[PDB]
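Protein chains: 2
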Amino acid sequence: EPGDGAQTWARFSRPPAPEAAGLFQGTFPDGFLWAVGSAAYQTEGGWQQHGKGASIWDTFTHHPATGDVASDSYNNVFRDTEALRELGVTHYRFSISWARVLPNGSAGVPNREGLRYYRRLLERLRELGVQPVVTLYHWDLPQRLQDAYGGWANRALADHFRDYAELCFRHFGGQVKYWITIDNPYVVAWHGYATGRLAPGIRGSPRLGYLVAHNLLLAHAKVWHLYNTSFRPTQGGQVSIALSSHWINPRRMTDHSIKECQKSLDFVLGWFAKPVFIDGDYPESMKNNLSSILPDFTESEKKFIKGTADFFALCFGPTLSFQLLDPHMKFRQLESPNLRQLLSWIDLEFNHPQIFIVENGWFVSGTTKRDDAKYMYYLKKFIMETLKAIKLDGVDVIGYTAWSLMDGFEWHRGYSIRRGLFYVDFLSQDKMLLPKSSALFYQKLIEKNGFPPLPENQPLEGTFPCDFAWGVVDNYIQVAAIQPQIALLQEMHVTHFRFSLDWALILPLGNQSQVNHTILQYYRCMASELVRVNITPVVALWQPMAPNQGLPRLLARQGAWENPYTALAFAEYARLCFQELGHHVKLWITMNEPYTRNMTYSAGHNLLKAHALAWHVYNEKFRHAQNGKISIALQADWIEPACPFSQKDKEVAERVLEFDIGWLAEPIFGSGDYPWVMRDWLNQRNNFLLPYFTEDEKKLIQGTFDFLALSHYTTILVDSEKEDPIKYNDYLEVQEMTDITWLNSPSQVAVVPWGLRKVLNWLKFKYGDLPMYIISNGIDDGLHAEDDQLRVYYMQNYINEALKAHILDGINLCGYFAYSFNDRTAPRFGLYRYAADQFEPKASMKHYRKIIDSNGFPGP
Amino acid sequence: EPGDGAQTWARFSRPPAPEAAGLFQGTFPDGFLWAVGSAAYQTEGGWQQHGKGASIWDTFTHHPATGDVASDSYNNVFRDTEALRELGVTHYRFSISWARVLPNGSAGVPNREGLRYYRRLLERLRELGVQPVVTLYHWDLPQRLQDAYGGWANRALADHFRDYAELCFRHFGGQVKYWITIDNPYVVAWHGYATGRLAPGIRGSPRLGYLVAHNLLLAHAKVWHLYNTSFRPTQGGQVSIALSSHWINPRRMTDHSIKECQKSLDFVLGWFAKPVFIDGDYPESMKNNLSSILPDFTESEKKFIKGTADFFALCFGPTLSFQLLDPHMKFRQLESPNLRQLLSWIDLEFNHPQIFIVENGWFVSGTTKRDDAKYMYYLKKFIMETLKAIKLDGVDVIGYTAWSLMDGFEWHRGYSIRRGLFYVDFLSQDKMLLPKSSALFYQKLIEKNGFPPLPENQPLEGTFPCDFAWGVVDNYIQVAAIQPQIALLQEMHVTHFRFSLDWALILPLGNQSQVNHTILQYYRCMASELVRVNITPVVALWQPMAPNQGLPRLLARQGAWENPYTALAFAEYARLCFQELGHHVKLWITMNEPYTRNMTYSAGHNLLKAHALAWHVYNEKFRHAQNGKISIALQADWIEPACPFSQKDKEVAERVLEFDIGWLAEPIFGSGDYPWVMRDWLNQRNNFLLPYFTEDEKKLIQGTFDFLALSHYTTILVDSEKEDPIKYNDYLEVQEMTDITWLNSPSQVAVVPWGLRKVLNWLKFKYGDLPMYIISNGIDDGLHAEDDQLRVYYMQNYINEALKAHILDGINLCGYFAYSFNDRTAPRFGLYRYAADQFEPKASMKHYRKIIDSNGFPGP
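Chains G and S are the protein sequences, given in the same order.
Quick note on this note's numbering: the first sequence kicks off at 393 and runs consecutively.
Quick note on this note's numbering: the second sequence kicks off at 393 and runs consecutively.
Hints are computed from structural coordinates only; laboratory data are not their basis.
All the given hints hold, so there is nothing to weed out.
No copy labels: a pair is met if it fits in one copy or bridges any two.
Cross-link-like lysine-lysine pairs, in silico, DSBU-like; alpha carbons within 35 Å at most: (1) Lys1090 / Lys1013; (2) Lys1021 / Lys1150; (3) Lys1013 / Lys1091; (4) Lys1156 / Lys773; (5) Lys1119 / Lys761.
My request is simple: use the sequences and hints to build the entire structure.
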């Protein structure tokens, strides 16, 4: 019964857990259908072939690119279904244009050519094992039924949509098991007639829109009561109607605002859904706020229209979300693309019918041809939401469909949009299809029945090797204050508290003829006491976050790092740090994670030289009398290929790594000079400022690394083809992307458990087996009802995946250090919160404690 | 008699010689007055002090910044005249506002306070030896005489300007020897009333403008016939009226066009000048084209107005040139600021009266405070034109005046423009004056009575030292063709013909595994034959003018000069040039004059390295078996300080030199590293990409210079304060300027004889005594009636000044060279012209020949 939908915004304004919000596991139950979509003018092409009737869009495209040459699907059954066999999908959704068989203004002579076409297609689908989802209308109209009957304003056309739909049953037979009569009545009514953005009409008032919608909904009642009285006795499939429906969230979360949102949903979705499943009447709000421009039913058709459906077919995507949609219907509410709460609302408001999503998917621009990760990740998110509705919301779904099997013409966005699963170029006369990324992803999602648990996606028990390192990070410690620090570290079970010094504060002028020994003796006492409380400090020396790159004013004014002499300015300062503190350290970090897409190359040369001098110094003068190791902590945020089976993604991933990680790693770790692909790309693109290495420099840099502090915060995705003008970095020809289905942060930084294990394996595949630390890893707050529900997942899964690397691959770890043990020096990122001048343990910190005292997952 | 002015545009459309066009010498005859200017409402300030009457400006400024606090000259006689004593000027021009003594609408009670002020000022001027030039009106009007008499539309105000001008004689006595009654009647009429850009009125038609002008000219007749009948029997001084007058050149130089220009001159200047000196009638053109909106005289006043002046006072400058001026009066002709031909026209059209220029000078913007070279050079040009009119045009001038002794509120314009000779800041309560550059220049121009011949500005005879080098330049020689070349060189008496190779053409790919030996053997034959005809070729190796900096395509695509390896790519190519041609050369140039404000620093490092490698190569492997010298030819266009007595100009000159000349000279010539001031400015401004020198690099670069080829084309001027948004180079905080009084070129490149001697002395003061060549020096065509009249001056004076350096300073020269021995490879710059596929000797080439065969000026 209506009204209970008000609980949907409540029930999905408070996520019970991120576990269920993501739903990284689970499978679709036995008998969950899968289909792929296609429209009657997106992909068919041709206007007079073999006797085709003219479309209203044939009339529309001529003067506001065309469908007289649209993808070539009217003559060949094998080419299209080759894509299907590659997909292995159980079902295939398409349409039938009305003008094709009956073009006249009286439903004249049927043309047998399209009939043989569709019989061949259905027979092929039978052979390969594909069942159809036919749609007797997709934004079409026979022109001769338009210039005489005034379009869908007049009633008689519902009679036509009766008879032509009866023959639609008789011509295609009984193997057509699922049916959808009117596809998206809302746009065809309003934007078809009122605004004129869709084919018919040029302009009108909302009166025409409401009348067209009334007439279409009556035509649906006609065709339903046709099927249920004349054809079903020899049948047993279902029939429904697809109602397109976006979803909105309120503005200020108030009762009036939720009322406005319910009103908008009824005005876009409820508009036809209410008198089909519930009572046979238009909604109360359209009765009230629309005074007399909304045609009302009589008691005979009030009953004639009720109950005329079996399952609920739902249409979703870019058709009327963030796209063509009456701005007066949103009633000043936020449009947002979510399908889980939407499915829950549709299931609650209609006495629990079964749901079938008959159109879903996003769009990629007209310039991208083969690699379109936008569509893959939107489809993955949509299937995730459908599964979460099946499992966590009790929305009994019967199947899912992905839209635009074949590229085409998005009506208003004309040809400037490409949506197909299979790329077709507009320069080929065969219109030859080629597989894309989306097709491969859908293939590997079908055959595995959703997202089944995988060896990597399933926790494998195991213990950590002894002497494993532990600790946490505060790279901004304020320099009395030591006792609460050590109390919070020892309380956290920390053995290697990570911090730095902010060198700029060590030396006011950058010279060692003067020093403010206060902070120096403070660090001395700090390290010493930490050892008395048994903490060996992971120490850093230089930080990347500063308006002057973190140098003293005098050392910054003279070319902070571009200058040659600054390298020695680092060197001697290192000697300082190693001659005073040199006893209480067992691990050092000189250049603590410099950023790698804004720092100039020539300065990078001097940074590597500085590292070389510092290492040679602490080796040839202090290592023998003071034990220890000294190496680098380099930024190694994993770059994954968007298409895991495309080569150009692999190459661009290599390049962006060699500029992020390899740029400051290849002379330190490997051969001793820059990576190959970075210099190849500098030279081939005729853009270059990099220095080269001289033999003395090469022998200076190479071979100084005693450990490897991989720094991994999140995982980013690369794409090779331009899709956006502002965010496709031309210099590297790189398009940065973040997947949408992952659990995200309130600051939009992704959590991916399996990332680390990859960047680990890579960094062994490249620089040989060696003791590896994971030095930086920590997400911020999340899900502001309990700020720990995401960091518990974060740690629980990242450390597990690290164990997984340590067990299944042989990547010899040494330790792990989560980031930001507090918020006061790290907004939103802490473990202990800072509230009212006090540090307070949040639950994820307790989870950390459990793992640390367990020293890894307690084995069998 | 009128009409003879048509010969002025002819007589000054053909310059008889540049000698007289510049007039670098000459002095003002005995009894040539000098004065300085000041307005009545730009520098005085105050509106009610001691009983001052309100101005029409006081009413104007309130709503279209003010003169209620304008410079403080109403209470203090010593502060203003301190500037005068610093100036030592014989005379001082100022004004008297009308409202000050008489503010009423009936010429009411006189106020004795301004009277004591002006008596004190006149007594001080008497003591210091300063005589006045009083002006009884400058744009003013008493308000009570405006709101009752309708401003200068009505006649009675000329009666007022009668009586108030009589008292103006009686109150100030007889020591007031020169008088000007109405200052600039044209603007006060038209822009005072018609447009309303000047104080009175808000809007009107040209009718009001013509009526106001008629009334002002009648008031001038009244005051003149007052003076000549009542006061002169006891006062022998003169009286006149200042008529402001711009000057125009025709568009297409046609009889109708000269008629239009004469018409415009009569409509702006002749408007009042014709009925004062000639006949007592308005001009014929204003009678014809102005039908009935121009009040005509009667026969009684026709005679009353004639002959009412003694000398002609002329007003010139930014008042109505390129500024406030009726756009309908130019009759579509070009406004241009020349005063010589203007003075000639005024002298020809008025039966030869004596002329006095009572307002002249340009303006500098509101942001510049102390260094304003614009005003110095405009004043120098104006005095040059006045002298040229005295000497070459028979315009008997009686004196000159410079405008705006004190900065201040510009009628219409506003404080926006600073024009004073003495800077006054608008934050000081004393309004304390400070000297400027213009004041010092005027001081040193007065005491020397114009431009008297100076030891540097007077040719001093002398012979050149034997074995002095000779030759000319063609850096673009096309690679038979040799015989006319050598015939034209030997014909010119050339011993060291300067040329280059265009290295990019030597090697197609930049590798010496392949070479097009055609041009190489052509150069071989060329040098050899030149030696047979006794020419030792000054050879160059690399040219700056190219879209790829002159490298082969392959050597350009890979970082032409930023790359390290390109240095060796130069090195070996040098070895090539030295191993084949190595016999027939006695002077080399590797990096022939690279530009020094667009070439990147990092590439400059590699250029210096290339020079070092090439020099060490040709020294350690070829110098012993093949004699010769190899050095650099560096761009050393002299930078002169705009203010020869200001220090900041000196510092910015040093800096722009060290970046132009010193940048590629200090590591080669001097200490071996970059200049001090350039690195100090890179570091203090926190903008820096320069490299530093490593000890091996320092020992590589330093000490390889065997001669010094100073390249001096022209002389540019620097200024330190911003004056223009687009042409004040912020990075160096440098404002580039070219003096306006010099002879220029049709391509605007200055000729300055004394330049070379300066850049010579400097380059000895900096890099020690050493054999110096002047390798590139020449100008293009000029004065298109005979294209040689400027190059003869050019050579005749540049080589003289070089001799002067060789005699008076000890700058050991070796050999001079002029540029562009032909035009075909040097547009407009040649000596032999290229006309109809033929080389033809122009006269300046013959002058060159005379000097060369004379081998310097034949001594006593």
